[PDB]
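Undergrad: Now for the letters of each chain:
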Amino acid sequence: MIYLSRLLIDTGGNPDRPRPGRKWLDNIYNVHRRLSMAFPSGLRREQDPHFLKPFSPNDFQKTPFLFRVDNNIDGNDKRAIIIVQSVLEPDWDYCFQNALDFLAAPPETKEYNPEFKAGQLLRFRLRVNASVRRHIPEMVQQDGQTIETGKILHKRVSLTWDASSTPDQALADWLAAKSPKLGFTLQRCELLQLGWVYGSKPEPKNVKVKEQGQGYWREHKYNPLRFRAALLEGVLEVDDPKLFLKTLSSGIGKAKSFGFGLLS
Amino acid sequence: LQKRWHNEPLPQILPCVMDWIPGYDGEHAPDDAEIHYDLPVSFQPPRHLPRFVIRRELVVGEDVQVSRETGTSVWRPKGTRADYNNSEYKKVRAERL
Numbered sequence: 001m002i003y004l005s006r007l008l009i010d011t012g013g014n015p016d017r018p019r020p021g022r023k024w025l026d027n028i029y030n031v032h033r034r035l036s037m038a039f040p041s042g043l044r045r046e047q048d049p050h051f052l053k054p055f056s057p058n059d060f061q062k063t064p065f066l067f068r069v070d071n072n073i074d075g076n077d078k079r080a081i082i083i084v085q086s087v088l089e090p091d092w093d094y095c096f097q098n099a100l101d102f103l104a105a106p107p108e109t110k111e112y113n114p115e116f117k118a119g120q121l122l123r124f125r126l127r128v129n130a131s132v133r134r135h136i137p138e139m140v141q142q143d144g145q146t147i148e149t150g151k152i153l154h155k156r157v158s159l160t161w162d163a164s165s166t167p168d169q170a171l172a173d174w175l176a177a178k179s180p181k182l183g184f185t186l187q188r189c190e191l192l193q194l195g196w197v198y199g200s201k202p203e204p205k206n207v208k209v210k211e212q213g214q215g216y217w218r219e220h221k222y223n224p225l226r227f228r229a230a231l232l233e234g235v236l237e238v239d240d241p242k243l244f245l246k247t248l249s250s251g252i253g254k255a256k257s258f259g260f261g262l263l264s
Numbered sequence: 195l196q197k198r199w200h201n202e203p204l205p206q207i208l209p210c211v212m213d214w215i216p217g218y219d220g221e222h223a224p225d226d227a228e229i230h231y232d233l234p235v236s237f238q239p240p241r242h243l244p245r246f247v248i249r250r251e252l253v254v255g256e257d258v259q260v261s262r263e264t265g266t267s268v269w270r271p272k273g274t275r276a277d278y279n280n281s282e283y284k285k286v287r288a289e290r291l
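Residue numbers (UniProt numbering), protein chains in the order written: chain A, 1 to 264; chain B, 195 to 291.
Chain A extracted, bound-state conformation:
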């Protein structure tokens, strides 16, 4: 059930006027938030059509889904493309119903269903994290005299590849070896984009107390999160049209919420 579509956003052209979409694209936590309060619910849909209510994420349906932000030229106009697909029907008449400045052209819903059988030459790109659990999380190197104090911490650090090669034949080897698990293969792979992606997620806490109830009085906190990016393509030959559909429903890698998803 592919629901591939597009959300063409309004990049500005004057960094003097306020630019809502450009600022919104700089934080992937809020990018996921924006993409996730779409298709909200039918629970309180009959109450209000105006999106004027105190926000709570519990009312929104907790179905995991996917997106990816990219850039393309159609024939004559640069416009950043967001490609989404989900198991629920598209209803972007409420997510952007008072934030029309976020959009450039009204979004379009397509219908698509896959068929590849085995060994064709009609495949597409991919996005993934270069995340590996560390072999040697060496004992928490602390500061003060550039020393080492701690014991251990299993962390999902960035992939430390080799030092005598480039990653268009190192990460290429990596997903070429990864492909027979997920039910496909790579005969050619050249990377297009790599780097880091950043965000910020807020943590509600509780320190203070209230004299007539429980501790409503409390403070704020923010925390950062980082990921290693890899956008790349390939001419691929699917092993079987019976297990690759699960990979087309989950994606190579499972950042999902934070951009890196399935093959497109």
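Calculated directly from the structure, the hints in this document are not laboratory data.
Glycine included, each C-beta is placed from N, C-alpha and C at the ideal position.
Treat the hints with caution; some may be incorrect.
[Said to hold, decoys possible] Calculated pairs, DSSO-like style, for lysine-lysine (alpha carbon to alpha carbon, straight line, at most 30 Å):
#1 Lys-208(A) <-> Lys-285(B)
#2 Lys-201(A) <-> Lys-285(B)
#3 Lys-53(A) <-> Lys-208(A)
#4 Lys-23(A) <-> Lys-201(A)
#5 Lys-272(B) <-> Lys-285(B)
#6 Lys-201(A) <-> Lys-284(B)
#7 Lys-197(B) <-> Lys-210(A)
#8 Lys-284(B) <-> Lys-23(A)
#9 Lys-178(A) <-> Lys-246(A)
#10 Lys-285(B) <-> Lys-221(A)
#11 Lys-23(A) <-> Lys-285(B)
#12 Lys-110(A) <-> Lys-256(A)
#13 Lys-78(A) <-> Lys-221(A)
#14 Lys-110(A) <-> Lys-246(A)
#15 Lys-256(A) <-> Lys-221(A)
#16 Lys-205(A) <-> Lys-284(B)
#17 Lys-208(A) <-> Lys-197(B)
#18 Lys-221(A) <-> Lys-117(A)
#19 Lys-53(A) <-> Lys-256(A)
#20 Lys-256(A) <-> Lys-201(A)
#21 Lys-205(A) <-> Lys-285(B)
#22 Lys-53(A) <-> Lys-284(B)
#23 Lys-197(B) <-> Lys-53(A)
#24 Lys-284(B) <-> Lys-221(A)
#25 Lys-151(A) <-> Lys-23(A)
[What the hints assert, rightly or not] Pair ranges (Cβ atoms, derived):
#26 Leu-291(B) <-> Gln-47(A): 19 to 27 Å
#27 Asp-239(A) <-> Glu-289(B): 51 to 59 Å
#28 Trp-24(A) <-> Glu-289(B): 23 to 31 Å
[Claimed, not checked] Residues from chain A that face chain B, not an exhaustive set, calculated with beta carbons under 10 Å:
#29 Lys-208
#30 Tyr-216
#31 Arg-218
Since the structure of chain A is provided, determine the placement of chain B on it from the hints.
TA: Leaving out everything else, chain B in the frame of chain A:
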């Protein structure tokens, strides 16, 4: 001596109406004391007796003086404004953030 509002005219001479004091027996009234007829011996119906009234004077300052007024007679409905932070705006902004 009271005062209603702050910028109010005040009588600097306070007239005093006093009765007659017989300092010695056989004293005759001074030749400025007018007779007032306010002395009842019955009440209903009114039968009356007269009395002697002596004028007297009092300037303010030597024994009598103005009093504290306070008590603002100006309402002008109250409302505060312009509070950036005393200690409870820094901490209260984050709660709804």
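Undergrad: With reference to the structure, classify each hint as holding or not holding.
TA: Hint by hint, here is what the structure shows:
With a C-alpha separation of about 11 Å, the suggested pairing of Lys-208(A) with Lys-285(B) holds against the 30 Å cut-off. Annotation: proposed proximity of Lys-201(A) to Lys-285(B) holds, straight-line Cα distance about 19 Å (limit 30 Å). Distance restraint check for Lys-53(A) and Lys-208(A): the Cα-Cα separation of roughly 28 Å lies within the 30 Å cut-off, and the hinted pair is therefore satisfied. Between the alpha carbons of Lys-23(A) and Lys-201(A) the distance comes to roughly 16 Å, so the proposed pair stays at or under 30 Å and holds.
For the suggested pair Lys-272(B) and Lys-285(B), the alpha carbons sit about 26 Å apart, so the restraint of at most 30 Å is met. Restraint check: the Cα-Cα separation between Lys-201(A) and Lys-284(B) comes to about 20 Å, which is no more than 30 Å; the hinted pair holds. A hinted pair counts as satisfied when its Cα atoms are at most 30 Å apart, and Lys-197(B) with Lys-210(A) does not qualify at roughly 48 Å. Between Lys-284(B) and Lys-23(A) the alpha-carbon distance is near 25 Å, which keeps this suggested pair within the 30 Å criterion.
Taken as a hint, the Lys-178(A) and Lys-246(A) pair is honoured in the structure, with Cα atoms around 15 Å apart against an allowance of 30 Å. For the suggested pair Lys-285(B) and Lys-221(A), the alpha carbons sit about 12 Å apart, so the restraint of at most 30 Å is met. A distance of roughly 26 Å separates the Cα atoms of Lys-23(A) and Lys-285(B); the hinted pair therefore holds under the 30 Å criterion. Distance hint between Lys-110(A) and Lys-256(A) is fulfilled; the C-alpha atoms sit about 21 Å from each other, no more than 30 Å.
Taking the CA atoms of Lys-78(A) and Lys-221(A), the gap is about 38 Å. The hint is violated against a cut of 30 Å. For the hint pairing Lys-110(A) with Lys-246(A), the CA-to-CA distance comes to about 21 Å; that is within 30 Å, so the pair holds. Taken as a hint, the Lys-256(A) and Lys-221(A) pair is honoured in the structure, with Cα atoms around 25 Å apart against an allowance of 30 Å. Using a Cα cut-off of 30 Å, the hinted pair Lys-205(A) and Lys-284(B) holds, with the two alpha carbons roughly 16 Å apart.
This hinted pair does not check out: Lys-208(A) and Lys-197(B) have alpha carbons roughly 51 Å apart, beyond 30 Å. In summary, the hint linking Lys-221(A) to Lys-117(A) is not supported, as the alpha carbons are separated by about 50 Å, beyond the 30 Å threshold. A distance of roughly 28 Å separates the Cα atoms of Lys-53(A) and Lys-256(A); the hinted pair therefore holds under the 30 Å criterion. Using a Cα cut-off of 30 Å, the hinted pair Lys-256(A) and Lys-201(A) holds, with the two alpha carbons roughly 16 Å apart.
For a cut-off of 30 Å, the pair hint linking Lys-205(A) to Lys-285(B) stands: about 13 Å separates their Cα positions. This hinted pair checks out: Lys-53(A) and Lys-284(B) have alpha carbons roughly 25 Å apart, not beyond 30 Å. For the hint linking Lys-197(B) to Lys-53(A), the alpha-carbon distance of about 57 Å lies beyond 30 Å, and the restraint is violated. With a CA separation close to 13 Å, the supplied pair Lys-284(B) and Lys-221(A) stays within the 30 Å bound.
Under the criterion of a C-alpha separation no larger than 30 Å, the hint pairing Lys-151(A) with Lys-23(A) is inconsistent with the structure, at around 40 Å. Separation of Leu-291(B) from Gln-47(A) is about 26 Å and conforms to the stated range, judged on CB atoms against 19 to 27 Å. Evaluation of the 51 to 59 Å hint for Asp-239(A) and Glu-289(B) yields a pass: the beta carbon distance comes to about 54 Å. Range check, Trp-24(A) to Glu-289(B): about 24 Å between beta-carbon atoms, so the 23 to 31 Å window is met.
Proximity of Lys-208(A) to chain B holds as hinted, the smallest CB-CB distance being about 8 Å (cut-off 10 Å). Interface restraint check: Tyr-216(A) against chain B, minimum CB-CB distance 8 Å, threshold 10 Å, status holds. Residue-level restraint check for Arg-218(A) holds (minimum Cβ-Cβ distance to chain B is 7 Å; threshold 10 Å).
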